[PDB]
Amino acid sequence: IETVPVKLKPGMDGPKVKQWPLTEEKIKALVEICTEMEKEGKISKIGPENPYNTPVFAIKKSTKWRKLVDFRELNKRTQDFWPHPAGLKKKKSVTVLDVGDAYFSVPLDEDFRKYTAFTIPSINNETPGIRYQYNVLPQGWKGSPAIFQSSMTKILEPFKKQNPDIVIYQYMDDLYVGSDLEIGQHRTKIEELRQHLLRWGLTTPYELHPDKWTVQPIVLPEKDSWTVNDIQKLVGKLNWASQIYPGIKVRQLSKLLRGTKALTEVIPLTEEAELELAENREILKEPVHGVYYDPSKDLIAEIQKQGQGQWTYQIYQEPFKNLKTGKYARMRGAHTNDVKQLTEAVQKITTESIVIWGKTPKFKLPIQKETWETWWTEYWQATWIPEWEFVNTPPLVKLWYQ
Amino acid sequence: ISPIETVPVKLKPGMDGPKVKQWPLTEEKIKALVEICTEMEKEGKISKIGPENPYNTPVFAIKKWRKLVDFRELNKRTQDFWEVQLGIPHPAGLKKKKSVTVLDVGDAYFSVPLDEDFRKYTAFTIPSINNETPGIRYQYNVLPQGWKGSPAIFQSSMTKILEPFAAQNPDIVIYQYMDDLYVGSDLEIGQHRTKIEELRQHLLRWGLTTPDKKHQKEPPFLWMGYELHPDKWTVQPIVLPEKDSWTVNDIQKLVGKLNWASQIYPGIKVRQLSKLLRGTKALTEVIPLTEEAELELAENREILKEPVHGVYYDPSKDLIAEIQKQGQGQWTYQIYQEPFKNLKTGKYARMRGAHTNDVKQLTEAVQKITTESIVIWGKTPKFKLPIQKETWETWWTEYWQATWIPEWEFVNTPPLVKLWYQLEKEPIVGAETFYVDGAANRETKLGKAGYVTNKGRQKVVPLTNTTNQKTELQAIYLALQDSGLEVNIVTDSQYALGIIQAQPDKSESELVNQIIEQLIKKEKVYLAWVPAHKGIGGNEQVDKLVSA
Ligand SMILES: N#Cc1cc(Cl)cc(Oc2cc(CCNC(=O)CCl)ccc2Cl)c1
Numbered sequence: 005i006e007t008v009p010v011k012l013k014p015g016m017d018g019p020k021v022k023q024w025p026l027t028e029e030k031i032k033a034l035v036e037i038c039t040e041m042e043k044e045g046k047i048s049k050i051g052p053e054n055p056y057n058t059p060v061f062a063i064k065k068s069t070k071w072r073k074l075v076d077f078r079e080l081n082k083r084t085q086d087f088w095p096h097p098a099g100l101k102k103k104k105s106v107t108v109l110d111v112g113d114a115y116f117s118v119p120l121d122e123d124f125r126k127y128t129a130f131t132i133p134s135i136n137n138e139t140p141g142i143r144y145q146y147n148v149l150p151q152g153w154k155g156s157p158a159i160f161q162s163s164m165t166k167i168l169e170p171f172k173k174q175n176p177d178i179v180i181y182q183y184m185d186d187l188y189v190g191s192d193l194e195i196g197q198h199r200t201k202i203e204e205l206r207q208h209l210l211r212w213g214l215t216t217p232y233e234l235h236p237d238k239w240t241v242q243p244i245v246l247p248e249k250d251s252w253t254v255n256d257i258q259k260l261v262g263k264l265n266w267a268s269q270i271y272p273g274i275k276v277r278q279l280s281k282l283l284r285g286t287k288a289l290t291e292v293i294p295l296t297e298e299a300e301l302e303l304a305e306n307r308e309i310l311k312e313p314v315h316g317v318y319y320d321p322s323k324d325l326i327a328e329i330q331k332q333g334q335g336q337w338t339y340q341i342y343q344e345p346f347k348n349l350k351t352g353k354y355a356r357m358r359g360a361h362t363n364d365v366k367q368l369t370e371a372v373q374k375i376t377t378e379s380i381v382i383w384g385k386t387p388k389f390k391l392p393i394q395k396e397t398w399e400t401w402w403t404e405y406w407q408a409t410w411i412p413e414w415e416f417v418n419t420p421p422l423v424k425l426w427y428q
Numbered sequence: 002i003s004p005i006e007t008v009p010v011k012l013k014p015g016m017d018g019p020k021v022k023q024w025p026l027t028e029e030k031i032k033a034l035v036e037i038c039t040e041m042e043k044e045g046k047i048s049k050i051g052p053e054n055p056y057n058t059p060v061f062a063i064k070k071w072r073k074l075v076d077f078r079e080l081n082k083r084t085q086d087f088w089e090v091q092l093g094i095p096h097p098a099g100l101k102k103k104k105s106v107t108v109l110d111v112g113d114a115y116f117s118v119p120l121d122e123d124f125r126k127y128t129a130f131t132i133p134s135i136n137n138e139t140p141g142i143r144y145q146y147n148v149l150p151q152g153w154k155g156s157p158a159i160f161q162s163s164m165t166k167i168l169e170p171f172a173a174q175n176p177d178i179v180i181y182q183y184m185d186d187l188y189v190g191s192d193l194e195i196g197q198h199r200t201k202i203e204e205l206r207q208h209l210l211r212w213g214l215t216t217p218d219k220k221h222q223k224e225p226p227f228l229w230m231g232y233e234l235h236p237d238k239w240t241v242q243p244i245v246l247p248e249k250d251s252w253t254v255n256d257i258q259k260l261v262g263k264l265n266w267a268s269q270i271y272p273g274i275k276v277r278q279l280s281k282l283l284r285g286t287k288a289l290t291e292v293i294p295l296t297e298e299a300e301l302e303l304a305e306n307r308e309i310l311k312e313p314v315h316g317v318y319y320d321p322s323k324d325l326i327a328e329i330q331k332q333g334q335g336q337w338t339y340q341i342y343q344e345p346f347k348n349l350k351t352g353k354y355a356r357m358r359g360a361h362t363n364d365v366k367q368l369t370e371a372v373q374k375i376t377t378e379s380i381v382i383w384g385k386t387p388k389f390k391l392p393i394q395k396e397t398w399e400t401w402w403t404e405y406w407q408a409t410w411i412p413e414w415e416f417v418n419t420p421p422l423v424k425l426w427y428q429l430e431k432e433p434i435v436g437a438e439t440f441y442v443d444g445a446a447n448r449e450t451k452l453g454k455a456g457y458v459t460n461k462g463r464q465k466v467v468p469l470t471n472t473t474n475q476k477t478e479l480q481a482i483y484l485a486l487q488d489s490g491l492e493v494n495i496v497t498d499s500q501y502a503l504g505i506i507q508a509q510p511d512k513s514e515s516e517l518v519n520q521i522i523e524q525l526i527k528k529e530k531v532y533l534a535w536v537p538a539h540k541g542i543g544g545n546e547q548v549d550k551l552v553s554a
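Taken in sequence, the protein lines are chains B and A. Here the first sequence stands for residues 5 to 65, 68 to 88, 95 to 217, 232 to 428, where the numbers follow PDB author numbering. Here the second sequence stands for residues 2 to 64, 70 to 554, where the numbers follow PDB author numbering.
If we strip away everything but chain A, and leave its shape as in the complex, we get:
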């Protein structure tokens, strides 16, 4: 009967309709359901049904009054639908329009018919006081609010409804998000007002009501935590709580607001705070804050004190991204087409492991921008980066992993990104050859690190509560301490070899951090490997030494 075509809808195979029972209700609420439903019945949204309908769904009343229905059982019984709008637009992706109207759609779900074969499963019952008389039975003929398929079937229906208008008006841009509609054009505001009134009529001819108080929304628009002005966008104001004690739940909500502020507030850092959630036992557990964590939140509080605005997108100008180091493994970036009007900002601090270096992190940061740029603008930006081609080319050529280097230009804005040290690719002549080794009994957890050199020196340092792996690093560390500026080390530890060959400049391990400081201070270091327990040169001697 309706002009809108229905979508076929089935239940999951082998499931039947909900048969949930109706709990008794206050006589005051029964009157509200009787009046709302006869008004809904008059409008064709629902229909009284015969006794043979074996299905039911509970209904309630709450506060004008509203009708509320619990379709959870039918929702568990209904087929899955194509998910709708998991992501939302990002205001930095939207393009400037001269005129923008926001249109809310009223009773949006109730304006769309529902598949006739499926309507039997929507049945609900208005209670009779004391069950003295049989209850009044109703079923839905439109998309019930709260049903699993209502959000998607309405959007599909709305798109097909909108199709005729958009063909006659190719210039106008129409966006659909939830029950709202966003219409924009670059026409004269009178002509744009004319086109807006036409669509309201075309929508009204399909049964969709539209704001009659001109257009209720006016700029700025408070939309999904944003603030949309005619020539700027920004986040809604962020409030960071002040508490003597912090629970896991309090921390998670705090990194959330900081994460949100990162898209326009340059310099937000959340690394030290987030590390507090490592154990993550329960949301109730109170986490002692860290001195590093308290400084991070303080610096974020200072940043949030000043306002920031982002700009909209013009496809005629280029896309540019700059990345600046923030230290302690954290990085920040801005994306812009005009030198100080930023489209968006962001952060990146993930280590991706226990030990990394700055060039690897910078390349990872470029990767996160590249993915985000494709999502938002469908293109990749030009990069202005604080690294020199000699630094990056040397790294990506020697790096074992394959990497894509976008076209970029060097910007000399310290701190520049540099390789703090470089191990030798060939052994060093005239340098002492240290044969290192370590050990620790797995049960006693006590151990020792020692060296044996070609010049004849030997040493053993004793070790407590360590593991075979940590001692192998300790032995390498010992040879860096007790050597001159040029040194050749020889180890039997594939674990230690892998960590040093990676050439990290930062680590979660104080030992590896100490080894890094020694490696920087030294001039030339060659690290070499030999199979253990095979009787090769000094490795046999140092093994015997630390074994005794």
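Chain B with its partners taken away, still in its complex shape:
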């Protein structure tokens, strides 16, 4: 029962972002949700003298509908305000718990409330949207975990003392809990924390394993009968890897193609070339030494559709300096589609990025903008939203990262 003064950055106005059109199904769910939030004092209706807007979406996360607010623009403008454990990637198991309901016990600075304004859209612009602002700390705003921080440390301090090796990291609405324990013990220690949080009034309605995460090695084929095309493709891929690994050579392999040869012609692999290829296979095993994470610089994720439910990704801050690379695969379940797989992959990459570095990456998404803006909420379960942009240039690097 005491507010914490919240200030936007100097010379910065609040967010004025467009509310996206919603289907009548999602509008109805937002109206039910906000009517009950109004009854509980968490939000209140606002008048025309409030010009600010932050977008809202309806997702499922389950049968019951849920509200998600895109506080990205407010988060940039609130920024300022006022700790990431480097060992969370080390732990064999990491479990994620949603602790976001706890924020709704804390009043928000009455002066800052205006910047939390949101609009439930209308169909066909028939009616002006229903407009609310927040009276309590909103889920999804970077300020809410920062303000709730002290209360969180009080509630966790018992549990941390009893289990000193377990690592607990808070990012937005989620708690990341890591242990090197066996899985059954891990899940038991997790339930103790849930009951500890629930005994103290924090309602907490996903298991990762960063032990298995790596940067994938570049893979070269192994063929019984090579052709001119196969050598050319192999010489093309090794040339690309030469920008990254210095020791690659293609002289012996390219000699096998000397002359003007038909592409389908079979080229026996001479011993000198086979050694150079075998040597180049060993160089790809050992990673680059110069790849380091600058905290000031932004993380960037690129994603490539490789077909058959496979998506490759790379995370980097500067070109060719890949901090992480990986491949995503989802076994088709009669509902698997390109937008569902991209949206699942985007979340998996973002979670991995949050564990490793404590910030989300900027996404280069291989999808037409409007298709993404239309359908991304149908499969979104995470409680945060990364920045993104839309690649329109096709990769000819698709083969190489596969």
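Just so you know, not all the hints are guaranteed correct.
Stated by the list, open to error - Quick partial rundown of chain B residues pointing at chain A, CB under 10 Å, derived from the structure:
#, residue
1, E28
2, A129
3, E138
4, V254
5, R284
6, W337
7, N418
What the hints assert, rightly or not - What the simulated footprint calls covered on chain A by chain B, stretch by stretch (three residues with Cβ under 8 Å from a Cβ of chain B suffice, anywhere in the stretch; the number is not a length):
#, segment
8, 157–165
9, 381–393
10, 498–511
11, 539–546
FYI, nobody ran anything at the bench for these hints, they're computed from the structure. Ideal Cβ positions, reconstructed from N, Cα and C, are used throughout, including at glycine.
Take the given structure of chain B and dock chain A with the ligand to it, following the hints.
Same frame as chain B, but now just chain A with the ligand:
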């Protein structure tokens, strides 16, 4: 004092009220301001103010006579408000009602109070002739007409006023747009007339006057360029000008009217006309029309000659969209629930780049319908599309970009959408392997394209005013001309590789259009890439050939 509650209003932080000066006025106009203002003063809309008010805003008279005020300075000084009704409803989204009344609200802004603390900033001065005596000072107590916050604060106030009536009458549908009010019910016209008279009284109890000549508007309603009948809607008649010469301004207004007609007139095309605005130097520049542009406008003129009507929306029946190709990169669609009664029509012709294919454009068209359907009806329709699942599944599976395919059904209404060609995924045996390459000096801008094959053939065609990129396409084109029906090409040009791998069937480039014609005629084509200047097979030989 007023029953309507005021909205608090501040000026932008660090700004004070307007202090614009009052230019002298004709003595005839001063009399009109004196009479209008004493009538306005009697009604409580304005009030004479003491001398200490340091602010002013100019006022004028023009023609009954009216009072006009220039609040531009206060408007630049006033806080921003939540914008109101940027979009307007689309008649195809509205649902049929048995009875519909239109109600205009008179002196709508002047019926709503204004925040007391803000009233000091509205002050204006009625001039005294020759400045012989001090001027008469007035300030507003209601929402001034032309002020920045008047449109939004009135709508908010109107909504709160309307709230009690709508609770007692849940069945009636009330729409608010600007100063108008649209009321509809499915009750008996006598009972509906009764409910309309009740609301007029409830509005009158809050100070809002309503039409007393029964209800002044009668169907059809001329509303925002539309025509609303009890069982049909249509656009207002469109007139396309005829001129010997066309300026940039004339073209922009023409694509505007055609764009507007597209929502109910099936077949409107504006692509070739709009391409004329590419340079867009000034609205005065005269643009020579194109033979393709003149045919497009002629076909549009023929379409506009016949009338068309749209229907209103029934949420009980399904929503269906069909898309038909119009050629030259242009597409058209209709949205309906009954097989020939259309809710709306539309077009789509954007290339989204220099080269595309039909399946990509069809998927983009489906995307534009899907967004528009959500806005208008809050749902996505069923699609009847002129493509077969084998065609679309093959495309979206091999397409590098992720795409959402709605549930659709194949309708066999030619022209069907097909993949005109498909490059090979593996090299072709028994086919000649062409190693192509091109070049052009960047300064001289002259160049050459040549090939070197496994069968031993070599050729070099000379080239003028080209670029390194265009020659790389020329080399690929040359190998398609001088080859049999099956061919393997090998290039070092990532630029050329990307354009062909995209498998376009249409381009703004005549070269790429020629390559496409060759690719269609050929049976099997495999395109392969090699790093340049790395001494790999024929690429080294063709590089030396075109370098000499
Ligand atoms: N000027 C005006 C105007 C503008 C709009 Cl955007 C709506 C409106 O009234 C309505 C229209 C419809 C759609 C069907 N119409 C009819 O059956 C009779 Cl024309 C339904 C309700 C109302 Cl209130 C009037």
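These are the hints, each one checked on the structure:
Residue-level restraint check for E28(B) holds (minimum Cβ-Cβ distance to chain A is 3 Å; threshold 10 Å). For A129(B), the interface hint holds, since its Cβ comes within 10 Å of a Cβ in chain A; the closest pair sits about 8 Å apart. With a cut of 10 Å, the hint placing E138(B) at the interface with chain A holds, because the nearest CB-to-CB distance is about 5 Å. Interface restraint check for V254(B): the shortest CB-CB distance to chain A comes to about 7 Å, inside 10 Å, so the restraint holds.
A least Cβ separation of about 7 Å between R284(B) and chain A falls short of the 10 Å threshold, and the interface hint therefore holds. The interface hint given for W337(B) is met, as the beta carbon of that residue sits about 9 Å from the closest beta carbon of chain A, less than 10 Å. At a threshold of 10 Å, the smallest CB-CB gap from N418(B) to chain A is about 8 Å, leaving the interface hint in force. With 5 residues bearing a CB less than 8 Å from a CB of chain B, the segment 157–165 of chain A meets the requirement of three and the coverage assertion stands.
Coverage of the segment 381–393 of chain A by chain B holds [criterion: at least 3 residues with CB-CB distance below 8 Å; count 6]. Here's how the segment 498–511 of chain A fares: 5 of its residues keep a CB closer than 8 Å to some CB of chain B, so the rule of at least three is met and the hint holds. Interface restraint, the segment 539–546 of chain A with chain B: holds (5 residues with C-beta to C-beta distance below 8 Å; minimum three).
This entry satisfies every hint, going by the numbered hints stated previously.
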